[PDB]
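Got a structure for you, questions after.
One protein chain omitted, others in place.
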Amino acid sequence: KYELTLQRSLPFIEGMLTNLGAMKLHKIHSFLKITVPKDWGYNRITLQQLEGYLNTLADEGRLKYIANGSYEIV
Amino acid sequence: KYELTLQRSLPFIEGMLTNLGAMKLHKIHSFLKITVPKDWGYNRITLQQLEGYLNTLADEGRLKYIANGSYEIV
Amino acid sequence: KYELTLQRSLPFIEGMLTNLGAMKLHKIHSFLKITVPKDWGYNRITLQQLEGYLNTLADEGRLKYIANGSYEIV
Partner (left out) sequence: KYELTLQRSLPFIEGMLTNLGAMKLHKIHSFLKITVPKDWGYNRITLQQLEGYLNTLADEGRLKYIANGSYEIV
């Protein structure tokens, strides 16, 4: 639900995209549900909360959107 | 390179598709490279050997191809 | 709770032990809880069901107990 949980999952988002290349929003969400330690949560995060976070990272120069719907790491 | 390696990685292919939903051939390949324990190999498997194996699973009723290029678990 | 679930998780027990070396019962149990896809369960398995299953694998020649309490893969 909150930015701290999103902040804590940033490394897994980066690792994921680094290992597999560009991924779609829903796939990133599902993968986080299993890779981010349960204690840090993530289980309460919704896809729209994730989408907003990813777009913010894209806005900075950390991630590159990429037409059609996927996010790639810069 | 061989079917025993592919046979040994069937569970990770299933788990992957179960956790993330339908996936494209190249993403499944990339993911297997990191998730299948190195000792069982997989590192030697080419994408055409994987594609042939996934189609065999789809031919049986284990997987569902799905137009445009993705495999989903049944 | 059942052997089919344990049977389905055998590949993850093997991989885990292959990647990390000999492990203690409780660590194997905790790791299975997060690595075995939730849809196959495992969440219902108790540590005494796991222990009985591992000892059976040890009785065959698939696993090696190893004094003090850890199981190593053969």
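As written, the chains take the letters A, B and C, and residue 1 is the first residue of each chain.
In the analysis below, a residue touches a chain if its C-beta (ideal position, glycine included) is under 8 Å from a C-beta of that chain, and two chains touch if they have at least 3 such contacts.
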Listed residues A:37, A:52 or A:69, member touching the removed chain
A:37
Can you name the residues of subunit A that touch the chain not displayed here?
8, 11-12, 15, 18-19, 36-40
Touching residues of subunit C against the unshown chain: what are they?
19-21, 23, 27, 30-31, 34
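Going forward, only the chains that are shown with their structure count from here on.
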Determine how many degrees of rotation, between 0 and 180 and to the nearest 5, align the Cα atoms of subunit A with the equivalent atoms in subunit B.
175
Subunit B residues counted as touching two or more neighbouring chains
19
